[PDB]
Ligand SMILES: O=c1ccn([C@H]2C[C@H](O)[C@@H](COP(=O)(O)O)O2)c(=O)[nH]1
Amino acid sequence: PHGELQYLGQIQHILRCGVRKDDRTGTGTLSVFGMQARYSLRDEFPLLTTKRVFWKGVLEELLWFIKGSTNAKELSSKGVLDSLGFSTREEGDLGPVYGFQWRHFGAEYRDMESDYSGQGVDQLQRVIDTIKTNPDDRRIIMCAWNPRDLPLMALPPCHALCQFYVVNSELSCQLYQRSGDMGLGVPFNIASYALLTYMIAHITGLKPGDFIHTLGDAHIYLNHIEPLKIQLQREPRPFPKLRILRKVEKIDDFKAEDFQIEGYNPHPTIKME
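Now I need the structure of the chain on its own, in the form solved without this ligand.
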């Protein structure tokens, strides 16, 4: 039985048992606390089939993140409350934000054109190195922050924690998100971290295993209920495959054309606010 049925069952559960709760901007959601789903990565790829998921932008944004870019324009050229500073956000400089954290966590930030080699902890290279040096390690963990939180406090809570896990030649990944937007973010995140798992697995000589997605505040924005009610009447189709087209060595060497989705036949796009 389909992994996508988990996602559908969770939409249904929120629209049946979710309670009203407002987000940051006093905007309204249906919310349930604590959920999880598992998607096999073995000989398939969890790109949701009940609406067409924007795969090329999942890929391109992950590449931007892997590059550690803080330049909005290095992504914008793919067509895909955070504020401080006049000349710099005209520029497109986002500050020490997003992928900066995966590749240079904790480095004093200069500008977006600066050279940061060997500055701060490279969480991502560290995960890859640990998988190679000690596959049993229970600490293969990479965190991400909402940029808005960084200036806001000391020891600010992560938005996402990712933990990899190896047994019997299989690479699994668990993504824990302190909140998840079920209509828009969640399918995008499932594909994004399954893609990352496929990349790490490839450069470390392992086979992808499971992607496990865990949420704290799983929620549906009031304005997505109706389109989601309609998405629920669609029957999932077999997940596609992801194929890597070249042999790749190092996680920074990956390019968009290294990747090819196969047998992807989704139901039409659903637009949600």
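Numbering follows the first chain given and starts at 1. Rigid core (definition): largest C-alpha set, two forms, superposition within 1.5 Å. Compared with the form solved in complex with this ligand:
- Only one candidate in 166, 140, 200, 158 has its Cα displaced by 2 Å or more between these two forms after core superposition: 158.
- If you fit the rigid core between these two forms, you'll see the Cα of residue 36 move by less than 2 angstroms.
- After superposing the rigid core, the C-alpha of residue 126 moves by less than 2 Å between these two forms.
- For residue 105, the Cα coordinates differ by under 2 angstroms between these two forms after the core has been superposed.
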Contents of the next structure:
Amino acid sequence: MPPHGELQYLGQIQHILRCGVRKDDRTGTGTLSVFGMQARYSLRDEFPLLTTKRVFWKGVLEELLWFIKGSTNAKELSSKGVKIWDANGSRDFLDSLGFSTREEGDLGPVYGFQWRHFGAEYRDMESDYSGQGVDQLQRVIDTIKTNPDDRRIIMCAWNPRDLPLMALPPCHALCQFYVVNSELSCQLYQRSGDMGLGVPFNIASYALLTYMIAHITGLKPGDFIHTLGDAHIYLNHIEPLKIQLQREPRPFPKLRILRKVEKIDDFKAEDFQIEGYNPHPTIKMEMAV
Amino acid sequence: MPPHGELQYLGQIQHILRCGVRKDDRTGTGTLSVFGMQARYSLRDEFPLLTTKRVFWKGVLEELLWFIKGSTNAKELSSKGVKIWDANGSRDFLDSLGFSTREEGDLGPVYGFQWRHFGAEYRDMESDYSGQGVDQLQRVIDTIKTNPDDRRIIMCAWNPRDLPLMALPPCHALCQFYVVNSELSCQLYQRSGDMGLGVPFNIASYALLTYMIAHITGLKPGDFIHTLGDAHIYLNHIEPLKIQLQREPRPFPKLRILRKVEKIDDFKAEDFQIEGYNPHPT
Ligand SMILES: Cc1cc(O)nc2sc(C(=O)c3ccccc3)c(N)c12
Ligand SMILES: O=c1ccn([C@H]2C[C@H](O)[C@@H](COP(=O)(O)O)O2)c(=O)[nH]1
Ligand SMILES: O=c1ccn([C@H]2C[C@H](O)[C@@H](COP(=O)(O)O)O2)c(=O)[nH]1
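Could you please show the structure of the form solved in complex with this ligand, as a counterpart to the form solved without this ligand just displayed?
Every component of the complex follows; first up is the chain already shown.
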């Protein structure tokens, strides 16, 4: 049979441990890093949620939905029990950035804002933006419906102009979608990836994204391609990861979408069912904030 | 001529100050109070947002949409800038009720839950309730839309069986809707309300509610009738209240709706514009 998908990631980890290189950095942690990597993850019918370590599926799903609203409010998400972005939205972190007069939780014009209001002038995380800016998401969706062959189907989060205002500039500069034989593929270009903590999370998100849009446009899910710039492992993750390397992947889950959704916006949390997710136990990995 | 219209509220104020009776409460403060009051506010091309003291409209609005979601997450609301329920979603206050085992912000099965899942088994706030319980709010619209002459259009939030779990037992036990001549009217029963902070907020909420539902149903707004149980004034609010009381009421603002909404769930705050709200300070 074909090999297990998860071995894309695991192999990457191992490459970085053997061929990595020690850079220092802000946190004072240090890293082993590699520049330029890529993996392919079939989305049919499996769903590349990793197994050798339990991934935060709850946060993966809720954060995505939090994106599609166009939210840059860390506390709106955090309320759902998903604290992935609170470290960066805390009064503490903001202040150290110069955002002395910004409300606690205000991530600035990051993902939620760029995906639906690109170019708009960003005031604050609660202002009305409707009609303003470019709606990359729907322009994308609509294109896959009426021009599947387009080589231009792109969402871009990287906005140089808005940079100074973001608590943290996008890790996902951009992503691109692709159709052929009515099979929707997606590749993400990710400027910086934390192999230990972040990258598994990220994979599941764009896989999820991919599935959502396949549903809306009547297509079946193909590949998810993961492209990387600065692939690193924080030196305080090496032990934990080495642990996880010994584990043998268990077959991926399948993703069930429980009802026919018409627009991207009226997706809900309880529309998605994950089947057969039998992951190994989690491993704590310090977030290098 | 009689009042008409923000004068009813004030009239109600005056009456409590004149004919009230001092009665202690939970929070030791003590209050002048009257039991049983009722006022009538016309929704016809005006909108009952009191003008003698500013009413926190962002909160009326965001909190209503919060109810309509079906939410009981105090944090979800606070995030949106409105921090009114934040006081009772606190660990300090929560496990004062023995809810140690409960996440912070989880008010329990209060309004938003009863409105849309009455009689379901409440677990916690971030839980799935799809198809569970009785959807009182949708069942209300549906009626109005097919049997306008019905006198059973009740949305009730007082669940005696869930009181043990509520961070705070609802002030609005129930509201009844009523249709005649293509005009939708609403009456609220408020078991307890203080004219100082709460009551004006509550008028706004329900007037709003009526406007939303009238929209969804194709009817013109009628009256909002506000019934009270323990109507009171907090003894420290007496001085300020006496002052406000001698402010000349300015005309009610208008409330517009900037697009045609199909369902009640698709309302979004941006959909509403207030026009000509010119309150006094405070
Ligand atoms: C290492 C790190 C530093 C920082 O300042 N902020 C963040 S956010 C993050 C994540 O993994 C993450 C991924 C998806 C959503 C939220 C956070 C980091 N690893 C991270
Ligand atoms: O969705 C995300 C967000 C952040 N990171 C990581 C990678 C880096 O460890 C750190 C970002 O730091 P800089 O790129 O700004 O250096 O967070 C991810 O992996 N995924
Ligand atoms: O929407 C609300 C919620 C609460 N209250 C008030 C009235 C009382 O002062 C207090 C409630 O206390 P009890 O009814 O539980 O005593 O809060 C209102 O007026 N409106």
